[PDB]
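A single chain, nothing else alongside it, follows as structure tokens in the form solved without the ligand.
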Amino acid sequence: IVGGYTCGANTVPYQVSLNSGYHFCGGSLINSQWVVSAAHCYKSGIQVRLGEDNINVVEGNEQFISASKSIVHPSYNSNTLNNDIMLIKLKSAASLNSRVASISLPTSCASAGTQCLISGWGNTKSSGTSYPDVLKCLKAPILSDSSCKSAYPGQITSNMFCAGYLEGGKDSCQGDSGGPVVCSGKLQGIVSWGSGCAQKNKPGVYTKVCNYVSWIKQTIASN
């Protein structure tokens, strides 16, 4: 997250870190046994880390649970990033409390102008590299589809939205991928892609979760 603020420990209780020996992507806990992340974060050997603030220090609220099954969306396209969503099933259920909690799925899509919270452990610089140990947060609005398509001609599908600031300076970045965009207490986006970080006229692009609720629910019910 570029241009954000330190969230505070366990203030984003649905945020998870995906770990394969190191943090590589975020995700969101949607019930006690399932996480949603970006398909471009797929790999084998994932441990899900719940209850984290500092990802390099054991602080006492963590739960570390291995994945048993990962399911990339059936229509994910790695070239265009269309349908950039996956589900991860945990080997055992997490223990839910005030510091480790699920986030609700949306019943309707959010409109442009809605303010959302984006969070992650990604790079904090737009030029150069500095990775934080503690969770960072950013409040940002959803942008109109027309603005989004103007910024990225030919690249925005109906399964994507832009959020952020056309003036630059505040954005998600490398290492934030897969993490949550929460608006009015519902999961509306997944950190997906952009051109650089925090550049003028190049806001972040997010997977539009409201288009996937049916697939999520039916997949969980059967797996």
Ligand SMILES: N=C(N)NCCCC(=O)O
Given for the second form:
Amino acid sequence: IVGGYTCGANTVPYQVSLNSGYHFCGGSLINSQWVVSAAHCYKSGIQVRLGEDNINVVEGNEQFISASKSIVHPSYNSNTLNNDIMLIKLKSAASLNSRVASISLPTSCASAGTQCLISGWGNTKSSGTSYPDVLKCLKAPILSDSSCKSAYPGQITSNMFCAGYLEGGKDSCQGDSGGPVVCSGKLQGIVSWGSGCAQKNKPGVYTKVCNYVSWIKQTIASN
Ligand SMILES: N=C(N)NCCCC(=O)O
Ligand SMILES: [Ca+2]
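Having seen the form solved without the ligand, I'd like the form deposited with the ligand bound now, please.
Below is the entire complex, every chain and molecule, led by the chain shown above.
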């Protein structure tokens, strides 16, 4: 997260870190045994780390649970990043509490102008490189589909939206991949792609989660 702020320990209780020896992606806890992330975060040997603030220090609220299975969206295209969404099932149910909690799926899509909370452990620099240990947060509005399409000609599908600031300075970044965009208590987005971070006229692009709720629910019901 570039140009954001320190969230505060466990203030984003649905935020997960996906770990394969090291943090490599974010994710969102959606019930006691399932996490939503980006398909571009797919790999084998994932351990889901819940209740994290400082990802390099055991602080006392963590739950580490290995993934039993991952399900990349059936129509995920890694070249275009269309349908950039994946479900991860935990080997055991997380113990839900005030600091480890699921985030509600939307029943309605969000409109341009609505304010959202974007979070992660990604790069905090737009030019250089610095990775934070504690969770970073950014409040950002959803941008109009027309401004999103104008920013990235030929690249924005109906399964994507832009959020952030066309003036630059404030954005998600490398390592925030797969993490949440939460608006009015609903998971509306997944950190998907961009062109660098926090650059003028190049806001972050996010998977449009409301398009996938039916798939998420039916997948959970049979797995
Ligand atoms: N680039 C932005 N704005 N956000 C992060 C997307 C994932 C990435 O670039 O590695
Ligand atoms: Ca920790």
